[PDB]
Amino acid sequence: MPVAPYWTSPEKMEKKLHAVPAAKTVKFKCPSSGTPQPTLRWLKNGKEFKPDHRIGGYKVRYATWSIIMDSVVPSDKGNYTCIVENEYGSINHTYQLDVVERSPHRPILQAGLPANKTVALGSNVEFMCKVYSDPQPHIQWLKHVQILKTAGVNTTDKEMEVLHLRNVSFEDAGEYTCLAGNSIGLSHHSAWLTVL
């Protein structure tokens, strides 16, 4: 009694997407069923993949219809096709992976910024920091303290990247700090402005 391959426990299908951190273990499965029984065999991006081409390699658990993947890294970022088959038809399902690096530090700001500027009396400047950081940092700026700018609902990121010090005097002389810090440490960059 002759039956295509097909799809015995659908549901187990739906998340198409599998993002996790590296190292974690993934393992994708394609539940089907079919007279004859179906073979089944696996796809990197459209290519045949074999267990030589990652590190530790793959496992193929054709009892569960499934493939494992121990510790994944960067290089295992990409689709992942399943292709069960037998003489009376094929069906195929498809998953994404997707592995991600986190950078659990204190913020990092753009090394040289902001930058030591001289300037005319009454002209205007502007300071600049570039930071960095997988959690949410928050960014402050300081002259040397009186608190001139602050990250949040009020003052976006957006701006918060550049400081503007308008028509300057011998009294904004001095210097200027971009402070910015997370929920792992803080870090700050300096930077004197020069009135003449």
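Residue numbers count along the first chain shown, from 1. First, how it differs from the form deposited in another entry.
- Listed options 173, 57, 105, 128 include one hinge residue for the rigid-part rotation between the two forms, namely 105.
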Second form
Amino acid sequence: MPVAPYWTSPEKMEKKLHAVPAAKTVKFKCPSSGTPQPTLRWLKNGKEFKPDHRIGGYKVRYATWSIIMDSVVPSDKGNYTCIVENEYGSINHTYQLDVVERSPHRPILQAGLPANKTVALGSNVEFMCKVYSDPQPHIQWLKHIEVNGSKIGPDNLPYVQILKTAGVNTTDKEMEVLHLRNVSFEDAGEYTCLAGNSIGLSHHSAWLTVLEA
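Based on the form deposited in one PDB entry presented above, generate the structure block for the form deposited in another entry.
The next block holds one chain only.
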């Protein structure tokens, strides 16, 4: 009869880390038994786990030795320790709750970049294009060039050439500036900053005018 508290089904306790997005339900169960009925306590990073700490409350199911959350918030991240004890003997286990706060969106480009510039011939030009995206964006610098006489191909699209495209060994912050040293009259035209993640696309263009000294 004098039995120490033990873990009945340890297979339900292998999931150590619980990482769910915002507004999600998490279930922490610590199955145990013993004679007589043991108590089940919860510790939030070594403190009191009172329902008045988090907004919305929770639901502890004593029939399954579990606790159910409701719309987790980043304030609920940390470690949760369940304690089981009845007579002489106190077993415990610590879980880890993480709330991954992320929201996908199309790549946002800073308004005004790139900007139209004119520093005549022989000077140095550098266009910029501030890009930000959660699923990591791809950057390409295009130049609207002209082939043969005109500059519009089939259907109704302009001819462009690849100036700078990100690849494998490519810094995410080096594709933000397009350098043009010396420059010439051939470089006069339109420069586009094509950026896109896995949702949509976004691009800003700017004309370059080359004068004379």
